[PDB]
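A.B. asks: Below are the chains, spelled out letter by letter.
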Amino acid sequence: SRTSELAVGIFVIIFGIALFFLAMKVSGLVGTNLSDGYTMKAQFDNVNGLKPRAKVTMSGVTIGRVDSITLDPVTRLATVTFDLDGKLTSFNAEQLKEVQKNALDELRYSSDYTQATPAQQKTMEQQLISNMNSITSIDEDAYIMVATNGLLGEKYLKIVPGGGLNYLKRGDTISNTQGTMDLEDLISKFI
Amino acid sequence: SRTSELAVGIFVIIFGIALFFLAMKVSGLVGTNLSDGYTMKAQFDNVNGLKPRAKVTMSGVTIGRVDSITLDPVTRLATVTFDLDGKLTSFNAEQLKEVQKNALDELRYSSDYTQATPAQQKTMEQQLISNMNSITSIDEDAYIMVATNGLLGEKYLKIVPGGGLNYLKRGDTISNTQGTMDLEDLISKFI
Amino acid sequence: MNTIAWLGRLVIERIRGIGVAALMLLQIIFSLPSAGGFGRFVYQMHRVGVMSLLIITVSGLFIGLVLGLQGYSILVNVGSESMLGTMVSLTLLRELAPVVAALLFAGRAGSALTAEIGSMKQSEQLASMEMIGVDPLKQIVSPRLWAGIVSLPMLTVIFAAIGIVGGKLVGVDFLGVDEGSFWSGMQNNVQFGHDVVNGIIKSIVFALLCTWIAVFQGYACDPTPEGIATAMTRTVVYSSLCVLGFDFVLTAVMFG
Amino acid sequence: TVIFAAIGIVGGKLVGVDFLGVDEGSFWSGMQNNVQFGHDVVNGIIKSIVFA
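Residue numbers (the deposited numbering), protein chains in the order written: chain K, 3 to 193; chain L, 3 to 193; chain D, 1 to 256; chain A, 156 to 207.
Derived by calculation from the structure, the hints in this document are not laboratory data.
Take these hints with a grain of salt, some might be off.
Below, computed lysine to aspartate or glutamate pairings styled on EDC-like, alpha-carbon distance capped at 16 Å [stated by the list, open to error]: (1) L/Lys157 with K/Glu186; (2) K/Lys103 with A/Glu179; (3) K/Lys43 with K/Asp174; (4) A/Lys168 with A/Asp178; (5) L/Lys53 with A/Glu179; (6) L/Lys191 with K/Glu186; (7) K/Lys57 with K/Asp87; (8) K/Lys99 with K/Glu127; (9) L/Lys53 with A/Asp178; (10) L/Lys157 with K/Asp184; (11) K/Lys53 with A/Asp195; (12) L/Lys89 with K/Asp74; (13) L/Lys157 with A/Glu179; (14) K/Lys160 with K/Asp74; (15) L/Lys157 with A/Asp178; (16) K/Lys171 with K/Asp38; (17) K/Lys53 with A/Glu179; (18) D/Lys168 with D/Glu179; (19) L/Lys27 with A/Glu179; (20) K/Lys160 with K/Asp143; (21) K/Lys53 with K/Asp38; (22) L/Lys43 with L/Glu142; (23) L/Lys171 with L/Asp143; (24) K/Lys89 with K/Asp38; (25) L/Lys191 with K/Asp187; (26) L/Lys27 with A/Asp173; (27) K/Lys191 with L/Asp187; (28) K/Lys171 with K/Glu142.
Hey, can you work out the whole structure from these sequences and the hints?
C.D. replies: Put into structure tokens, the structure is as follows:
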């Protein structure tokens with residue numbers, strides 16, 4: 003029975019590394035602590051001091067990370083690649099029933115429902131079937147900008163809702179961006 | 003136990019070597035090597051605490067290292083050399099047609115052809131000879147300046163695009179610049 | 001090829017052993033100790049803990065005197081001498097009082113568990129015990145192991161208490177820092193259930209891997225008094241590799 | 156102890172530039188202005204002899 007000690011000596015040392023990678027989940031360096039995350043992108047003109055693995059907030063609740071920051075010199079703009087944690091930026095059975103009846107009554111009101119196709123039975127299901135396929139939370143004129151975290155913090159993407167009427171799926175691009183603020187031009191334009 | 007010994011060695015040796023390699027790499031030389039690093043120049047009046055091997059930014063993303071800063075002792079001017087990166091810059095071959103088809107709307111533009119002669123017998127060829135060799139992403143209007151990263155941070159070069167007409171070559175001296183303001187002129191301008 | 005295969009065999013044998021020490025470890029704890037066990041258990045505390053007490057106060061007094069001495073002089077230049085009490089507390093409590101407490105403990109008592117059992121191996125004072133008939137795994141191992149588990153969290157709190165009270169002595173008695181901003185800097189930033197409690201849960205698994213190796217590597221060693229020192233480093237080497245190797249999983253599970 | 160502190164500094168570079176995204180130039184030139192040789196590294200040896 004000389005191989006048994008040997009076998010447990012393998013059984014421990016492969017188990018110790020397995021728990022060692024189990025701590026590599028919640029540590030946050032490798033892997034993401036995100037339950038069914040989904041990617042979105044945005045295009046800026048000034049991403050000064052915005053590292054990868056940054057913070058993405060809605061009003062103060064951190065709901066994402068930042069994965070890669072890319073340029074494209076033919077248009078000289080920035081392009082940010084980020085994923086959001088969604089089970090709390092994504093709706094569910096209550097809110098999907100809530101939003102589908104919201105926009106079909108408000109956006110598709112008598113200004114819009116009584117200016118339309120002949121049969122108002124197929125298009126009424128079109129506004130609801132265009133929403134079940136992974137709608138998130140973010141309206142048509144919500145803007146994304148770069149904050150500065152207090153007074154001497156570090157930069158992070160701030161998603162601000164604009165109220166709006168139509169939302170966007172998992173894969174889109176936010177069309178209302180603005181770059182960071184900088185003390186270089188501002189003191190010159192103040193003095 | 004030939005098998006045993008051999009196997010043991012294998013793993014051991016592999017690991018060791020790989021490890022040492024990566025380790026020595028994460029320091030000093032070993033890996034530290036850009037791609038397509040050309041060199042531009044500029045001449046300021048007051049660098050003010052700029053360092054060698056600082057950071058160069060196009061919009062906000064990081065594209066360059068600074069080489070050497072020397073002083074010209076007859077007209078009180080510092081001179082900067084820095085090395086950009088040519089996978090982040092230098093429009094691709096398809097972009098080359100895509101910048102020239104925009105330059106066919108810009109450099110050989112309609113009113114631009116209708117400024118000296120509406121045949122462009124010397125204009126369509128002069129725009130085409132200098133662009134096949136060493137076009138660069140930076141404009142002709144675009145001026146450079148020294149930022150400072152918020153409060154006291156590292157002093158890094160900022161490339162403000164200019165929305166120009168032509169571009170520069172790998173080796174030029176970017177003429178239009180502006181130096182940085184120290185905090186002492188900020189004091190005097192304050193009162 | 002030759003030396004390579006040699007090293008391979010070496011590693012294999014080593015891993016094989018390690019496993020063994022696991023098979024020893026269940027056989028010590030999965031039995032109820034008899035009468036007379038507590039009397040040796042007290043004497044092991046008398047041997048391991050009480051003897052180890054005089055050391056960790058001095059190295060406890062030291063590190064606080066240093067850490068509050070040098071960071072402040074760069075920190076005072078902006079606006080902060082009131083966060084002096086936070087940075088001394090939160091690096092001792094969640095970072096060093098687990099780690100640096102063991103490396104002084106693996107130094108003193110991480111050796112004296114091996115050489116006391118490297119004692120009974122060279123003069124066959126192990127073998128005579130089996131021959132008369134006891135089992136040293138019940139007799140001379142289990143009261144040694146149970147003191148080693150207990151006495152280290154009994155010290156690393158003691159360590160960090162003088163560790164913080166040391167840095168007070170440089171601050172208020174020589175740097176003239178405000179006492180109220182010192183302590184209330186800590187009170188707001190150092191919770192109990194997340195720092196001091198989770199500074200203990202680090203120090204338990206830093207005590208088990210440090211003391212179980214130092215028992216086993218003194219038991220299953222050959223009685224040669226040269227290799228009693230090569231067995232001595234493998235206490236210290238495998239402790240310090242694992243007391244540092246398991247900080248990085250324990251830092252990540254608590255926070256991050 | 157020189158060998159120790161050499162990997163000691165090169166260790167902290169690995170957390171900074173490879174995970175915290177810190178600027179490399181401000182990292183090293185932070186040291187080169189503040190760490191003289193004859194007053195720190197030489198007098199880190201003279202401590203380590205009487206400690207040996």
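A.B. asks: Does the alpha-carbon distance linking K/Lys99 and K/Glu127 stay inside the 16 Å limit?
C.D. replies: Roughly 13 Å between the alpha carbons, so the hint for K/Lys99 and K/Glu127 holds.
A.B. asks: Under the criterion that the straight-line Cα-Cα distance not exceed 16 Å, is the pair L/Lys27, A/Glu179 satisfied?
C.D. replies: Roughly 15 Å between the alpha carbons, so the hint for L/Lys27 and A/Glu179 holds.
A.B. asks: Do the alpha carbons of L/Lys171 and L/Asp143 lie within 16 Å of each other, as the hint requires?
C.D. replies: Holds. L/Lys171 to L/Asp143 sits at ~14 Å (cutoff 16 Å).
A.B. asks: Can the restraint linking L/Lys157 and A/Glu179 be considered satisfied, given a maximum Cα separation of 16 Å?
C.D. replies: 12 Å, holds
A.B. asks: Between the alpha carbons of L/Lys27 and A/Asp173, is the straight-line distance 16 Å or under?
C.D. replies: 12 Å, holds
A.B. asks: Verify the proposed pairing of L/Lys157 with K/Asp184, using a straight-line Cα cut of 16 Å.
C.D. replies: This hinted pair holds, its Cα atoms lying about 14 Å apart.
A.B. asks: Against the 16 Å threshold, does the CA-CA distance of A/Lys168 and A/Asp178 hold or violate the hint?
C.D. replies: 10 Å, holds
A.B. asks: Given the hint that K/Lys160 pairs with K/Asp143, does the C-alpha gap stay at or below 16 Å?
C.D. replies: Distance ~14 Å between K/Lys160 and K/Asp143 Cα, so the pair holds.
A.B. asks: Between the alpha carbons of K/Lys171 and K/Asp38, is the straight-line distance 16 Å or under?
C.D. replies: Status holds; Cα separation ~14 Å.
A.B. asks: Does the alpha-carbon distance linking K/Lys43 and K/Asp174 stay inside the 16 Å limit?
C.D. replies: Satisfied, since the Cα-Cα distance of roughly 7 Å is no more than 16 Å.
A.B. asks: Under the criterion that the straight-line Cα-Cα distance not exceed 16 Å, is the pair L/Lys191, K/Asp187 satisfied?
C.D. replies: Holds: L/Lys191 and K/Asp187 sit about 14 Å apart, inside 16 Å.
A.B. asks: For a C-alpha distance cap of 16 Å, please report whether L/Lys157 and A/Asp178 respect it.
C.D. replies: 11 Å, holds
Checked against the numbered hints above, the structure breaks hints 2, 11, 14 and 21 and satisfies the rest.
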